[PDB]
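With one protein chain removed, the remaining protein chains of the complex are shown where they sit.
Order as written gives the chain letters A, B and C; numbering starts at 1 within each chain.
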Amino acid sequence: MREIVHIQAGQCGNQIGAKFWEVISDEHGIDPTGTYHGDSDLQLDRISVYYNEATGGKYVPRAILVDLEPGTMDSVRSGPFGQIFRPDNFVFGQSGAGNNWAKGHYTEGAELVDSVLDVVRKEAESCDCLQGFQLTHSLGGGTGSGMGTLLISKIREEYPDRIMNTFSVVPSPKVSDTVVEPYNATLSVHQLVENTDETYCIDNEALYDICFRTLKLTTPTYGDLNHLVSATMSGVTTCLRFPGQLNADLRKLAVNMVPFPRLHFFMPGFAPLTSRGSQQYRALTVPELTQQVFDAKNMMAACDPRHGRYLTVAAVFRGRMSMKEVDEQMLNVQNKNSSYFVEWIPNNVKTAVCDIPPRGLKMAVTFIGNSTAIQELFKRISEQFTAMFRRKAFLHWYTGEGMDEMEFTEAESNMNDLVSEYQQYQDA
Amino acid sequence: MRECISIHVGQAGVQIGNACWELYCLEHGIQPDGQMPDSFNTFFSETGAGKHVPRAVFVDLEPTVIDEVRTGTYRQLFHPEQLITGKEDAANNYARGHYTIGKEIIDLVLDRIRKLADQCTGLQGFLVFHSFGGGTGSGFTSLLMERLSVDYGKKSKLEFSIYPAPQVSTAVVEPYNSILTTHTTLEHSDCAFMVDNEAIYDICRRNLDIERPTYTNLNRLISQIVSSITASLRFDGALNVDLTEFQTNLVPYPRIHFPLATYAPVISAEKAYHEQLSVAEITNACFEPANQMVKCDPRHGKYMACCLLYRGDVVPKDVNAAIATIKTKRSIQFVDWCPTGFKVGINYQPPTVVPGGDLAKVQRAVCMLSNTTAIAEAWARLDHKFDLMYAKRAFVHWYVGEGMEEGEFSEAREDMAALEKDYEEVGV
Amino acid sequence: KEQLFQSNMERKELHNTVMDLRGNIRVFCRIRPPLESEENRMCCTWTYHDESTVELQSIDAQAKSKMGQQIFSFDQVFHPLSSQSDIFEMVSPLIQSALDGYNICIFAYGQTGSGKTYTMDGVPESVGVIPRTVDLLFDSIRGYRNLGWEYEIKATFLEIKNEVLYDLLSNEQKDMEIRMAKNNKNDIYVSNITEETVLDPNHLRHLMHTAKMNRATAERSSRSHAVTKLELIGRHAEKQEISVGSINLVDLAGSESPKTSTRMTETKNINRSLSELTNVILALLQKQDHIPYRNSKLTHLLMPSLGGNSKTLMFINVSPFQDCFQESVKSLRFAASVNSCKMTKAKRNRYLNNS
Partner (left out) sequence: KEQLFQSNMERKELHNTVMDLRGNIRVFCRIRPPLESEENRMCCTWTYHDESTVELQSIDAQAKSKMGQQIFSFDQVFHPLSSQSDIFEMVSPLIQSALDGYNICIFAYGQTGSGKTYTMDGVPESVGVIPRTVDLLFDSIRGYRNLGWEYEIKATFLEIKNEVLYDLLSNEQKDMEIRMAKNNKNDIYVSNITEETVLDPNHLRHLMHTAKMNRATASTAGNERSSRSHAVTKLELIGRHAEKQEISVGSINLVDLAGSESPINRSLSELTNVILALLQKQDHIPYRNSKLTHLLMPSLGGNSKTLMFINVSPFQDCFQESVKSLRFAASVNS
């Protein structure tokens, strides 16, 4: 039944996946044990697309957890909703890629990706029909970024038809936590754009400011960031896993957001972003929700739409709202943001109302735009790459692991190519 | 027994048929289980036991819609075998449902419709309910409809494709789906009744006066439309015009077969009290410049012929007087070749409404069907949208990677362009 | 009469030059002899207004009421009576340019049964472009040994199918990647390719023969992409120069629409190739600032052959039949569009080894 299989990579990927499956369990009323205690039988309608039932109401989450340092998975065991996984799935290494992409792709990462592929494919034929792969990871560290690319190559060659809805945290423009992230992210996205068809741009400082100012938060703990991305990630597929007046799936958006093969990176989002107790200073409704969903303040990366144009948009509107009011709203935003809008492609919108709203929230939407605003992000990444490449800045760690600057030059060229495509289609 | 069958496919069409059968059972007094505490012989197949199963096979590449009617009260009415499911839908890609998925699915529905035809005493035609921009509504239906012509073709297939909303394209690739399906429908389309969702929204604002109407409300309007359309077959009337006569009455040219539907009593219950529901007033209402079910200018469009499905306490004498005044109306414009196409399917069966139905129950009704050249402009804009997208080959990779060809795209373009020329040539 | 013969022969030589000299993309429309069975089944009408212009009339029932004169002017139009030599004499000057130190790429565009293998492979009957160009290249090589140039030949055989790269020379399943060289950013090579040094034409015949059985073993032949890269290096010890040239023999797949007798994934790959090629060539005609060369493996592999220092050919193998008339005329439209296209200036490779 067009099931989906979940992959986790790097400590970020593992943590965001943990909170993600907690969110899904909340959606479907799944106890931390694994036994179903929800009330809506409709939660069991497509429960199979995530929770493969094992025995007696105990549903195994379809999760593959991959890492080269056991600490994250040990926390998962200790953490709630960790024991809910079937322990066979926790296929991990011991040494650690050490924030080295080459290590994550030819050292321990190579052996573990080799060791997990069997488990993931076994889970695959364990399911009836498959749609794709979510490589829930981040480009921040060499591990999740490397092994993930090694895995995506294996995943693509064995399952090319499958659409990989991989989610990645783009290196922060200001917070360069990984000194070699310019080399890392670039090496990753080379192979990605060679194979993948949909990525996302998530900036740690973007969510920092979002929770600080839109949410009125004071302690932007990573828990909040994990919850935000997990909530958006769920809304991506609620159309598939849940009924609705106008139902979409991964395939719909997959064939709708990409005018071209390569031009396949996207900016997500969600609504509303109400604070802790702002319930009074506004009245919750879908007009205001739409109004505050399309603004740059409710973006996801530091990519300001004030420098790009929404090539395509895939607003979902999880819940029950009005097709009209969304039509006139997209009309109005097209009129007012026509400059920040591809004139070459008109009539771009993907309203995909899904009946069931999130828990405790009457109204919701997940924005997904292919805005031509990433080219500045790739520009700054390429600038960091070439700046650290003129002096081969800490290149010895990579080159020593049997690697050559050949691929670095090629990846930089392809990133320039993505910048060229974005600017060329934004202008034309 | 002039028995006819209906088929349903895509998110739009299965719910459309569900609401249509709701009114059919309402005027046949049949329960959702299929017992009537005659007129259903043509539609509801009364079996040896007290089970009247309506001749309706609901087949979609997405099983969610089949599941929704399975959970629908008409689960018994909609034979489970007639409810054909699937895995992935057809994306927004005609090619996917025309050469990869629906290509093999049509054969299963072929068995369903042909066995229904065997049970049927004298098949009249096929009521295919679907959309133009819909992926399954395009490729799957176009292949299904053309295969029906291959299987029979003699049957007056009454195509019912929902016109794609021009102001808001639910699918950014709606133009491709619409032009491609017509490329594989126009040639085999005996008579394609046309209805646009945006026009229903405008009707629900000017007549139904509903601030928040769901798609079910749109389907209710269509339910009354098709109820009056097939009222002649189900119920005796002064002049019973069947699907066979519908073709001769509506379509005068092998390619010119796209009449827009129109229902006079679409006013709200309060508006029903406001009006006197006069035969003359409702004749004007069904000939008002804003009652066309497609976004077109009827005043500027030459009408090939208008088919009024008059029903309720109405006599052809009063209809003749009212239509005579409408014929004199300069605003009402008919093609020079056929300027006297005022044929009216007058019936003496009052139109019923589903309990809680948005449309006000009126003692009389008229389903005006006007095949006008006004829709040529609508076809032109659809072709134009496809042309600008195909000009830079946008989203073509998906179609060609699903069995489509750039040559077929050009064929579809010239087919639609030639259709516009045929429309204006009929007008002059 | 002797002066007349000299004049007309000199003019014929000028014909061969201009074609390649101006070009720069020589779109050739060769009409193969119509098959008798397919003729008596259904056939269309063609008139050659000149040796380089063809009008595929048809205009029977649908083409009658929907289309007019299918006159299309090209670089050269070949009659069904044209021989293998007739199409080969125009390849010989381009082979001379290739051995001069220029990159050359060859495409055979057509549907199933068009005769693409009869052009390249040459078909068991008689010989084709490949053996003729091998013999010509070896003859020019010995001639330039008489001129003091020593040339080495490198042959790489690669097959593209369902997006997965396959090595035609080795049966082992190997992971292929195509990458630009480290020395220059323009030239692009494929990693882990079975590379062999050609010793004599006999060994080249043997390896081509084995590769052709491997091709037939791998109706996939009509729907799979074959890429042949012949790299020539010319050393002149007295001059201390190295001349570098490449020959790209590419066998395209059937351009037919899916219709019914087709499989999904193979059709999808063919659509990748054709649609991405159409988009990039249209962008080139559009003078677009950026051309997306990295959407499909096909255009990325032949990035030097399409956007680099090379001279490339179009062979439009067209079946002159009404059933395929629509696909054929679509092919002629695309062939005229690419005839209007422009190639990036080719560059002769001279490398002095003084250092």
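What we mean here is this: a residue touches a chain if its C-beta (ideal position, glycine included) is under 8 Å from a C-beta of that chain, and two chains touch if they have at least 3 such contacts.
Student: Going by the contact rule already stated, which one of C:21, C:71 or C:285 would touch the omitted chain in the full complex?
Tutor: Checking the options C:21, C:71 or C:285, the one contacting the hidden chain is C:21.
Student: One chain is left out of this view; which of C:8, C:183, C:197 or C:261 touches it in the full complex?
Tutor: Spelled out, the listed residue whose C-beta touches the missing chain is C:8.
Student: Tell me where the left-out chain touches chain C, residue by residue.
Tutor: 1, 3-4, 7-8, 10-11, 14-15, 17-18, 21-22, 239
Operating definition for what follows: only the chains that are shown with their structure count from here on.
Student: Using Cα averages as centroids, what's the distance between chain A and chain B in whole Å?
Tutor: 41
Student: In angstrom, rounded to a whole number, how far apart do the mean CA points of chain A and chain C lie?
Tutor: Computed from C-alpha means, the inter-chain centre distance equals 43 Å.
Student: For chain C, jot down the residues that touch at least 2 other chains.
Tutor: Touching at least two other chains: 272, 276, 279.
Student: Return the residues of chain B touching two or more other chains; collapse runs of consecutive numbers into ranges.
Tutor: 392, 397
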